[PDB]
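**Student:** Starting from the structure of chain X, add chains L, R, F and U where the hints point.
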Amino acid sequence: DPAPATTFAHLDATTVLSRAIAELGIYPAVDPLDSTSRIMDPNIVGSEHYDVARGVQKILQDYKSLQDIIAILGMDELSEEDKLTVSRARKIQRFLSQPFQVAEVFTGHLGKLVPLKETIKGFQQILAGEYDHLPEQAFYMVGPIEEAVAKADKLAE
Amino acid sequence: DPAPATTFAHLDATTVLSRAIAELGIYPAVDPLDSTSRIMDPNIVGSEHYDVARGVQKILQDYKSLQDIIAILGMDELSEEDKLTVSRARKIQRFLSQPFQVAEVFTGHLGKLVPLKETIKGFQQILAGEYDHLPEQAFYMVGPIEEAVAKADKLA
Amino acid sequence: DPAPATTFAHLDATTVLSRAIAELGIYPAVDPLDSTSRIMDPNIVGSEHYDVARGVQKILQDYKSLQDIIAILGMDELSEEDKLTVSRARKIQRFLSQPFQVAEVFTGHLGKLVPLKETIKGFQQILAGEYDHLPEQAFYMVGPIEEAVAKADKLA
Amino acid sequence: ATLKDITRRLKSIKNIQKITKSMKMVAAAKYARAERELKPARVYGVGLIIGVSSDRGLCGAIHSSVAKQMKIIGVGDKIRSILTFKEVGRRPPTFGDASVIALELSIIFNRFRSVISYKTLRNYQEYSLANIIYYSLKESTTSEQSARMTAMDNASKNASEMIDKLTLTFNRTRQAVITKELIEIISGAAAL
Amino acid sequence: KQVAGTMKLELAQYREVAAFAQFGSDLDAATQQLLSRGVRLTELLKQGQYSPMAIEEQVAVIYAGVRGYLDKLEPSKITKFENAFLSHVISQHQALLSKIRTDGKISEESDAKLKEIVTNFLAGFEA
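Just so you know, the sequences run in chain order X, L, R, F and U. The first sequence runs -19 to 137 under this note's numbering. The second sequence runs 12 to 167 under this note's numbering. The third sequence runs 12 to 167 under this note's numbering. The fourth sequence runs 416 to 607 under this note's numbering. The fifth sequence runs 3 to 129 under this note's numbering.
Chain X extracted, bound-state conformation:
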């Protein structure tokens, strides 16, 4: 639409929100494959932050291109490393969600704020395979990674 389309060029960072993502209960509803920042550069944020971010974006795009394909031809046709990107991606989709302090009246959860380094560490550990054993839902709607580990325990019984 001309109005938002003309606006993009005026920005240094863009956070693009998606109804399709909100509809899944993933809040904030940020499209991780349509959000940009002029400072997203290894020389500015450092190579660890850059690398983790691009790795997150890569696995999510890889999953995205697999979805519609495996929604018809089935999961069991996947290689034991392809289905590992699926499980990891679906965990990463959820760890991107977060309870907002301002959103308590909507979530029933207490608001969370996550320091930059903790964010990096968390998505870095998931990508490395450190939490392949934990269930998907453990990562949904929490703050730092440790909360996903604790939630997985609550869920056990």
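Hints are supplied without guarantee of correctness; some may be wrong.
[As the list claims (entries may be wrong)] Below, simulated DSS-like cross-link-like pairs (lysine-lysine); rule was C-alpha separation at most 30 Å, straight line:
{"hint": "1", "chain 1": "F", "residue 1": "486", "chain 2": "F", "residue 2": "501"}
{"hint": "2", "chain 1": "F", "residue 1": "436", "chain 2": "F", "residue 2": "426"}
{"hint": "3", "chain 1": "X", "residue 1": "63", "chain 2": "F", "residue 2": "426"}
{"hint": "4", "chain 1": "F", "residue 1": "429", "chain 2": "U", "residue 2": "48"}
{"hint": "5", "chain 1": "L", "residue 1": "94", "chain 2": "L", "residue 2": "69"}
{"hint": "6", "chain 1": "U", "residue 1": "48", "chain 2": "U", "residue 2": "74"}
{"hint": "7", "chain 1": "L", "residue 1": "94", "chain 2": "F", "residue 2": "454"}
{"hint": "8", "chain 1": "L", "residue 1": "162", "chain 2": "F", "residue 2": "483"}
{"hint": "9", "chain 1": "L", "residue 1": "94", "chain 2": "F", "residue 2": "534"}
{"hint": "10", "chain 1": "F", "residue 1": "436", "chain 2": "F", "residue 2": "419"}
{"hint": "11", "chain 1": "L", "residue 1": "165", "chain 2": "L", "residue 2": "123"}
{"hint": "12", "chain 1": "L", "residue 1": "75", "chain 2": "X", "residue 2": "44"}
Quick caveat, the hints were computed from the structure, so don't treat them as lab data.
**Tutor:** Using the frame of chain X, we list chains L, R, F and U on its own:
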């Protein structure tokens, strides 16, 4: 389109005919999920009439949702429970067809008029699984359910 | 689109140049199945021209149907009729190529302008199986059918 | 409905078409080697519920066919899941496979007819048992790979038809969108 | 012109088979190779920002791919291999890069040099 779109609010019963359905040989080509009535209400038509109707529409809706999968992969990739809703839905879709007196030249069948209680009975019986052993084609272009049974027998 | 649709009302033919065909070394890179003509009709070009063209199209179509089976079973697992259609189709594919006069500089080979009756005759004879004994490459970049015989002789 | 929808539906179905086509060709290769291997196994076939299929689906009614005859041992992981031996099907079955099964211990399997069709002393008894397990296995895989080939060929051609249809729908919508937008502009302009 | 032509062709062959990569368990040796070469050439077309390359550095990188030297290298390591490989040829092999530029093409000598730089460097890289 503005003309038909605006027309819907002036009606108590809408009968919406569909080309896709006509082209499958289903006549009258009524869309059973796009046709509605302001008196489709258990307090007016009775609970039995009301429940059969909603149950027919549910299975038709459930069938419709299964059609993208069927298109690509066909029947054999469906669960046994899904094959059953498919087979029954296809029998129902056919039992909604009817030879019109006015259309005898096009159908090659004698026109039929079915009393309400028989219509309810017929669809009630299909839904209850009473004719799961019968072939689809038996239910096409007949009147009351008994004609579907006779057609299945004549097909032998 | 209105633009091609409006244009197509006027066209009596299409010449389709294809990159796939060019990468097979076939020049001119004309797609033999994709190109069409409105006057490809026995009542206009004659029954003989029509039957030979239609015979070339059929064999090329048929050869396309076997290509999956070649990639799967191998060429020594084809019936003696199917072995023969691959042999002939491939020679036909090559005899459809032709050196151009306008390219005598870049290539060094003499360009060929082939009369219609010779074109018809050449392809008539390959279909009839008159050159089953000749090697496939003899039909590549040649003019009239005699030059394919002369190229077969020159290839020792 | 919308151009964006159509574009995304078209993206995946074009993928599905290529995947099912490749699968058809892999299955064609397995079936070819399976049929040539079934000849010196059928004449060898001349000399409790046991169910024989495979782990792998997308081969039409291969698994559901034998499961219908079923209602206890299952060779093929799809038998245990619908209703125990795993990793059968992916590699062609050997007499070694038949012996491994008999060592652990009516037999129901699919008899190959064509690509299109299939129909569902204490040391002598040990051999004739392994002989039966083997014969079923060799028939099983010929039928399954033929069926997967046919199923995938069918799915590929279906996708292909769906692509065409969606492409026409796409272009009808595309043209409508351009015209609608243009009429809004002209109506806005002429009203001045 | 030399290496780009080879790469263009092998990337096209890859593209034909590309969708059968993540769904290819029982592919024949030939199609297995087209994928292997494709993924590696694709990785070699990746490039960092703000670091444009001399044409001879470009051809030396593409050479490693089109001549099959990286076919057994895990694809995730390619960008790392290239960066280090390029650093090395720039530092220790200016003469070689010079000759690729001057000779117009890649001679029998340049070809023999690269073969030995690449294979030895690669084994060190994977050590």
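**Student:** If a hint holds in the structure, say so; if it does not, say that too.
**Tutor:** These are the hints, each one checked on the structure:
1. 486/F with 501/F: holds (21 Å)
2. 436/F with 426/F: Holds, at roughly 16 Å.
3. 63/X with 426/F: holds (21 Å)
4. 429/F with 48/U: Holds, at about 26 Å.
5. 94/L with 69/L: holds (15 Å)
6. 48/U with 74/U: holds (19 Å)
7. 94/L with 454/F: violated (36 Å)
8. 162/L with 483/F: holds (28 Å)
9. 94/L with 534/F: holds (21 Å)
10. 436/F with 419/F: holds (26 Å)
11. 165/L with 123/L: holds (19 Å)
12. 75/L with 44/X: holds (26 Å)
Violated hint for the displayed structure: number 7, the only one.
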